[PDB]
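The chain below stands alone, shown as structure tokens; this is the form solved without the ligand.
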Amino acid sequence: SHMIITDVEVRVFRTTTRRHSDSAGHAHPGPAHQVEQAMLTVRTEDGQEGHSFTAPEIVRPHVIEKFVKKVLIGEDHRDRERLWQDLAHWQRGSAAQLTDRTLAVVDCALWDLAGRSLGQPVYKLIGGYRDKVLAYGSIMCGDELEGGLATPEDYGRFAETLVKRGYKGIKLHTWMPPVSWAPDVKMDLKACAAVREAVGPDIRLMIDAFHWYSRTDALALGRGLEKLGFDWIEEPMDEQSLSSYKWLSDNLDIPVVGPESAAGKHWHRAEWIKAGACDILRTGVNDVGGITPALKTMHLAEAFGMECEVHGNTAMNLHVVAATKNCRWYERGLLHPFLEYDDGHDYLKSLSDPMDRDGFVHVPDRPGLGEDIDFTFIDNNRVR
């Protein structure tokens, strides 16, 4: 009975960061401040543990007591498919409180537990494809900060810096409300043009613009991009409208990648394939409810001969990318000229995603998700 789960614990602590998020949830650099972060730990009878990080609200007591403990406590931690399906089955009746985000953090902690228990990196447990992978530099949403990301030329200048660092691909997130004047298709296209001019024709370029443009605006945006040789256009319209995506992909030459944010996990992504709503699939550990369903989406895409690009940084997504073939990149970011991504986080002793000078991220040879957790730091900065 050593593999039986005995405890599920949440520890909330303060991390020091210059990352802020606006009222619409878009990241920006700002003053150094303390932000509450949560760590979920699952422990078995023999004392082995697995951990994963998320925002405090996602693993608050209501959700832990009503849902997570009831599924996990007393169960064999290795039964990840059974445990995931049990949580999935309870979402419909949860009064909207048991979210895909909660499933993701629980599933990730279970994977970390298995890996740490076995002394194996998660991607090796899954079945490894690659130990290193090209990353694109994923640039934060636009701002109104002088010298930051306020003008089209600001994007161009930051792009030059990213190429020097070794990134072989660059993705722009452009300007979005509550930036006062946003959104503006002409401004987005000017940023795209400035970046292409700055880096030349051989760096791969992507755009993830305002996520709710009308069909007419997204068509104008996509048309403007075809002149610049961009690799993909990402979520330019409300992803709840599958029909809009069928229409847009039919009317654009540039590949459309999606859905990133849409609900329904791997099931809904099958619908995007069936309906021809995208040219490249998208998934992400946080978006589909864990490593387990992310892997399902990767396999789904592969069976159709499609790529499936993995949204988001951190170990959980990196291990999905390392375990699969049909994904061009790891998404490294979000990045901003004012911030030093390579410095990492105060609660981790080293980076989960170190990148060489040629633009390859190397998966750490550490067990589980391989997050090098500074438990002492967390203990010293607990939220009472």
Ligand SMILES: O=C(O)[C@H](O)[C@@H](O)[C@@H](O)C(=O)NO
The other form holds:
Number of protein chains: 2
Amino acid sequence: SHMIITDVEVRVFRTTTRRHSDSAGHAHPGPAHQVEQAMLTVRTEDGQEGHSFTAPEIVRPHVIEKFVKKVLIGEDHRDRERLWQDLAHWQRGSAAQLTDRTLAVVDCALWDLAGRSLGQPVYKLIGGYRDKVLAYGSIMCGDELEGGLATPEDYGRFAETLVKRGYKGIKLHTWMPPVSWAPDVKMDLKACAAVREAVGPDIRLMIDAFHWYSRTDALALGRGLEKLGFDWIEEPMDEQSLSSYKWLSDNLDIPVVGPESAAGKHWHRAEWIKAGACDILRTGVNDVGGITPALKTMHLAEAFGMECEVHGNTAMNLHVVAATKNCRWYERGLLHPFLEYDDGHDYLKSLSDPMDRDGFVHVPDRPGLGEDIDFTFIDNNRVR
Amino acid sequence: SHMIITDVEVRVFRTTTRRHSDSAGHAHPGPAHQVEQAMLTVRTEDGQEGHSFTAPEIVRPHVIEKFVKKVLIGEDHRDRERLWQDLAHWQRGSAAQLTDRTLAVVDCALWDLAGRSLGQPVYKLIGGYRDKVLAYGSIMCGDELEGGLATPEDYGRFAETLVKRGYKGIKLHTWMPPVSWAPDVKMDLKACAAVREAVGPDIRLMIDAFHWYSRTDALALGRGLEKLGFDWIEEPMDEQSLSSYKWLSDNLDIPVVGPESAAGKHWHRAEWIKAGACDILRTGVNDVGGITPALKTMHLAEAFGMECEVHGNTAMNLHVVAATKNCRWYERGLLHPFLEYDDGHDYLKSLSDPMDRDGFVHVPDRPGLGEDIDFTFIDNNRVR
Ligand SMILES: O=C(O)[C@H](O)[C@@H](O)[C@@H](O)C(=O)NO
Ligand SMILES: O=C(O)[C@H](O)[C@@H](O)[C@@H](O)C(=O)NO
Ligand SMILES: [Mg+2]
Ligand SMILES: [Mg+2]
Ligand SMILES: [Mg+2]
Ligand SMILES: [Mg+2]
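Could I see the form deposited with the ligand bound next, after the form solved without the ligand?
So here's everything in the complex, that chain up top.
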């Protein structure tokens, strides 16, 4: 009975970061400040622990007490499928409070617990495909910061820097509200043209555009991208409209990738395959409710001979990418010329995703998710 | 480097069984006799081992030397996805010698090795869903043995015995060549009616018919089954014809389950979903080339909200069933009134799939695949 879960705990602590998020939820660099971060811990009878990080609201007491503890406490931690399905079945009646984000942090903590318990990296437990993987440099949303990402020329200069760092692929996130003049398709294309000019034809280029363009605007964006040899166009329209994506993919020659933000996990992603709403599937640990369903989405895509690109940085997504074949990249970012991604986080002693000068991220040979957690820092910086 | 594979070994031994296979490959009870059986062993630097069983031809020297050793030796055994994909990529150029059967035994041995190494049952490593599962009694193909499975009445009598044993579901395999008069749709339906009469309306009933009926004969069989409230019809036609199954499913009200024997693993099974060639998907460790791709098939089906029923008995299939939700049964069989399934095999010290009196199979709490191997018996009974 050493494998039985005895405790579920949340520690909220302050992290110092220059990353801010605007009113729409987009990241930007700004003043160094302290932000509240949460760590979820699952503990078993024998004292073994698994941990994962998320925003405090996602693991607030309402959610832990009403849903999470009731599913987990007293259960064999290795029954990840049963526990995941139990939590999933409680979402419908949760008054919209038990979200996929909550499922994700719980599932990740359970995987970390299994890996730490067995002394195994998560991707090795799943069944490894690769120990290193190419990363694309994922550029932060556009801004109005002088020398930052304010002009098309700003994107081109930053792209040169990224190529020097070793990235073999680069993804632009272009301008979005509340940027004063945004969005504008012509501006987005000028940024794309500036980057292509700067890096030449042998660097892979992708764009993740304003996410609420009309069909006609997304069509015009896509056409412009084809002339620049871009590899994909990502989420240029509201993904709640499967039909719009079917239409856009049918019209555009450039591959459309998605859905990133759509609900319904692997079940709804199957519908994207069936409807021909994308050329390349998308998944992500946070987007589909954990490592467990992310793996399902990867397998789903593979059975159709499709790639499925994994949204998001951090260990949880890196381990999905390392355990699977049909994904071209790990997404490393978001990046901005004002910030140094390789500096990491104050609550981690080292990077979860270090990248060599050839543009390969090497999965750390550390058990569980391999997050090198600075528990002392977290204790010294507690809120609640 | 303790996890590096150092050896791949095959031991052929004699097992005493009353099971024979006719020239078409169907099992029947006959004289007790000795049959050659193979055990594949994968060993790592630290001396840890994983084992799996198969027919000797499937792991003969040609296949071990030309393919299996070249992929496995010197590799981290935990890289199951990489090793599986490497073997898969060698099938095309293998002059038809590297079969899904070979991939399956290799993948199974790798899973057993991981589980044994960590002291974990394979389904717990994957991520457990259930520790016990309902089994259906899977009845051997029909025969011409008096009191065996020679008449419709014989099926009904055997079905009564199975309900007493605890089975909540029963699947008939009906008469096939080389049975002298077979096949015959009206006889198949007489057997089905005899079973329904014997067990009443609350036992679930399935049929797996002669596998090469024409469209029109399978249609007639299906219509007949609908009047008897059967749960599914399985492989009544050549599965090489996806179109025939789409037609049959569209015409029949009774659920069609498949494909069992079709090649192409999870990739081809996706096409069965897309074409609507079945109502319930089918997979099996031996049919799709291992535990790894059987899991993929289960996930594929789950994303479409479908069940995927797992073909075959033994530990390897039981662990797939135990790790997943969208499968109603474990297939326990093949069964015949002349044989006692619960007697097991001479080369296993106990059953991999013991069933309680309520018809639940309990997954053994033993590491790896949990096969309780009698290594001493195997050594005393060696051939090569
Ligand atoms: O609009 C945004 O903030 C970005 O699209 C963001 O969600 C980013 O993480 C993304 O979509 N990457 O692929
Ligand atoms: O034809 C046979 O021998 C049976 O159909 C056999 O393949 C059996 O294992 C099966 O199909 N079970 O579902
Ligand atoms: Mg995106
Ligand atoms: Mg297109
Ligand atoms: Mg069958
Ligand atoms: Mg039908």
